[PDB]
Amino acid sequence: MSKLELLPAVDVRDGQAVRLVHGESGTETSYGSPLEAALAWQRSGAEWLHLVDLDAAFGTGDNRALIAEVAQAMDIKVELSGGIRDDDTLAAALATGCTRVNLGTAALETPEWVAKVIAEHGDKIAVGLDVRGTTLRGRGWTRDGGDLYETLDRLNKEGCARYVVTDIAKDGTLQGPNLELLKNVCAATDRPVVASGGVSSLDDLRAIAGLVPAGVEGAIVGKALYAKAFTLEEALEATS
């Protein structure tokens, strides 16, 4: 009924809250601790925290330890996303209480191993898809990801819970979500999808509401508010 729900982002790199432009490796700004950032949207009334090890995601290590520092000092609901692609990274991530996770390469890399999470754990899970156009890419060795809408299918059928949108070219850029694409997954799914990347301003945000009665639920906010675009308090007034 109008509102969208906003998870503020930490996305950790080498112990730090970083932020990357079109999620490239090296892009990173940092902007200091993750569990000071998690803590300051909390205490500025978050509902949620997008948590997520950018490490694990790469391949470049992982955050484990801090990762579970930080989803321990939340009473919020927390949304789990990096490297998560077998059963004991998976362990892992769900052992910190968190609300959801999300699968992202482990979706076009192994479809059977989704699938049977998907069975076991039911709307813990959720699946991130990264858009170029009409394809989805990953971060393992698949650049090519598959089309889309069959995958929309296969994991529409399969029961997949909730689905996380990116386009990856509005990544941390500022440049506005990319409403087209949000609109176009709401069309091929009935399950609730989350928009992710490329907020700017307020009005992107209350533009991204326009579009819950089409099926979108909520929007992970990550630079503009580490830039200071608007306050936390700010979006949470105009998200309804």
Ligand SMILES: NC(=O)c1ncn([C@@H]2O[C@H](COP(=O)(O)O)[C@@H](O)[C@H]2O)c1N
The other form holds:
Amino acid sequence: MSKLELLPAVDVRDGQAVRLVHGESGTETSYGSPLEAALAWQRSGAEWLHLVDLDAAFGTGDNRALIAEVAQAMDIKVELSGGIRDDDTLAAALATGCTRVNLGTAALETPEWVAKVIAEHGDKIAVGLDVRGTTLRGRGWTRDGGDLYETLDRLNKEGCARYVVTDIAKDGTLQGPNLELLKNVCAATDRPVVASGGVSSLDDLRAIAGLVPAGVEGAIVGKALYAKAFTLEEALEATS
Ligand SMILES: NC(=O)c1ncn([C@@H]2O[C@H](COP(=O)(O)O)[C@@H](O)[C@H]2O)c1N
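Here we have the form solved without the ligand; I need the corresponding form deposited with the ligand bound.
Full complex below, order starting with the chain above.
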């Protein structure tokens, strides 16, 4: 069918639900309680929660106990990300019972570890590809980490189940999705692709939904929901 999955985002820094611009540290706008934000999305009919520990992604401590409390409060599917770079952080992340985790920096820095984790955990693992042009970025998007196509080829052959694709130039900007990049990634894999960053309107969600036949499975939405560009109910109606 034509349905696009919607994943409202809760990104956590210093115990707060925040949004960044280009994922730059220091551009936080705070939106209150991460737990109340997640409960509100769930109450409005969310099927998914995209939950991110940004302190862990930046290496400035973590919010592990709070993240765990938020995930325990969800009856819906949970996608968990942020600082998952070794066995201990992966163990705690999966212990939330989350539907899947996203690995970002680890795919660039420890490709052998990511290959091992894919083989042992299957589609509980997705890899986040955060892109500037055709260059991948890591460590909270503070450093380069490789070429998009070479990395996709490697992860394809390692059996990676799913990719989360962010154009860093769109992220947090309300400037719309990068539909060319999404289609370019769909051309390079037969794995489901989740779009992330830039959504600003219901027309943006409809345009991403137009790529479902090409292999786009879902869209993560952050700033536009916190900014009340539309309600989650309106977004769910638009993507059904
Ligand atoms: N600067 C940022 O906003 C940022 N840096 C990383 N992340 C998210 O955190 C994850 C990557 O963390 P790590 O690089 O530890 O795997 C990815 O899913 C990515 O969307 C961000 N939102």
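Note that the rigid core is defined as the largest set of C-alphas that superpose within 1.5 Å between two forms. Positions refer to the first chain, counted from 1.
- The one residue among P111, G140, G97, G159 whose Cα position changes by 2 Å or more between the two forms, with the core held fixed by superposition, is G140.
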